[PDB]
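Here the structure comes first, spelled out in structure tokens, and everything after it is commentary.
Selected chains only, in their assembly positions.
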């Protein structure tokens, strides 16, 4: 089960009558479906990519300059001008020089000077934007059935199945050998917002930087740099990397403001990283609402014989998974195809089984089996597999587990926002009240304070709440105090 | 001259590597305290004059935080 490898895992429970479940699958997340009378499934979003996205602007971070020229004319002899002043690829400044008899002139007064210099990008110093096409993006979802067999993060699982989703694909079925089939739908038009996000590429050859960054469109479209579009020969913005020295009588020096790579990298502080792989451009943060159906599944081996209780020996003894579960691996020397007699009990009360298994109906098979996972109550327990026994102390409390699910909810609602209400095996009427009130009151904060900085949001919220303490009417005082509380509450989670 | 303003710190989806951690309290607190350690005479004059002159603890505290957070910011 892939869900044990990752630091991030979730459990969705399908009680009888749950033929379908709605998930918000995420990069850097992973979900288990546990269903009443059906095998447990791993489900996760494994990639979001396009092959060769469309180029937008190229910017230049470091100017190369060459062939500087200057021309000047005496006071009253009319303005100076030069051939390169109307060509491409050239920056020019027109300015007034103080002149007089000492500088070979007829009169004392302000003359005219014009200065010119060619401009280019240094060979590897570009910044390139790329943009996604919703008709060519690929979302990849994977599923792996709880075979009761354990594999490392660096080796293959034979039962792992892939679905690749585009706008051109409907509800798709994955066969799983003896477990039946799983039937799966991905809403590609309802994942990442491809209109507002851009992928930024500097030089992929640099050994000690990430290969791409993800940026917002209305940040990328108004940087103050030289810019271009693909295949054009000349740079196309009023030049910001070149500057002109104060004019002497017959000469004017031209300056280069240097490589901007560092002030770009310092301005990108806080953005998600992305990745590039030969020709594929990958997002590394993102999600899709996806609907998974279960009526076509079966438990394997429900007709098989029981095991010889006496013939079990451990291969990896019980330890804690970090997800509030116990994990183990057994081994058996009898005739192999059979059902493992797993049970667990509260210490001093041998009658009541308390094993809530995460792998329903465990088995041994001719080429595998023997991994088990279970959740047990707090305190002292005995775990059994036939005549093997081991004594376990389960850390935590019932309050601690309710707090953990509470924390994990606020985390997803903070990271994903409005779509976090759609996660679950249910869609009852309260979820419409939740999603509506989130959309309105969160939409107001996004409309009024979108793009405002974290510190000035706090200072504005604190000042508006403080003014709320002494307003001309208590109706205004309470209304402003409550709104100041909301502004700070939205800011102090993720509204930065 | 070139200027490249800082990207917004929120506005984007998590659960993947960010390039660096944002300015948060960290850059603000270290920039303000590092200015008070240098302009010591003016910082002491400002806090003592404000504390002696203004008519309430709440308006003193408000003005002190405002004058400190607005001092080191210019470029």
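A and B label the chains in the order they appear, each numbered from 1.
We adopt the following convention: a contact is a pair of C-beta atoms (placed from the backbone, for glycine too) under 8 Å apart; a residue touches a chain by one contact, two chains touch by 3 or more.
Peer 1: State, as a formula, how the whole complex in this structure file is made up of the labelled chain kinds.
Peer 2: Expressed as a formula in the displayed labels, the copy numbers read A x3, B x3.
Just so we're on the same page, only the chains that are shown with their structure count from here on.
Peer 1: How many Å are there between the centre of subunit A and the centre of subunit B, using C-alpha atoms for each centre?
Peer 2: So the centroids are 30 Å from each other.
Peer 1: Could you pull out which subunit A residues touch subunit B in their complex?
Peer 2: 8, 26-29, 192, 210, 213-216, 219, 223-225, 240-241, 243, 257, 260, 263-265, 267-273, 284-287, 414-416, 450-451, 453-455, 459, 466, 494-496
Peer 1: In their complex, what parts of subunit B are in touch with subunit A?
Peer 2: 1-24, 28, 58, 62, 69
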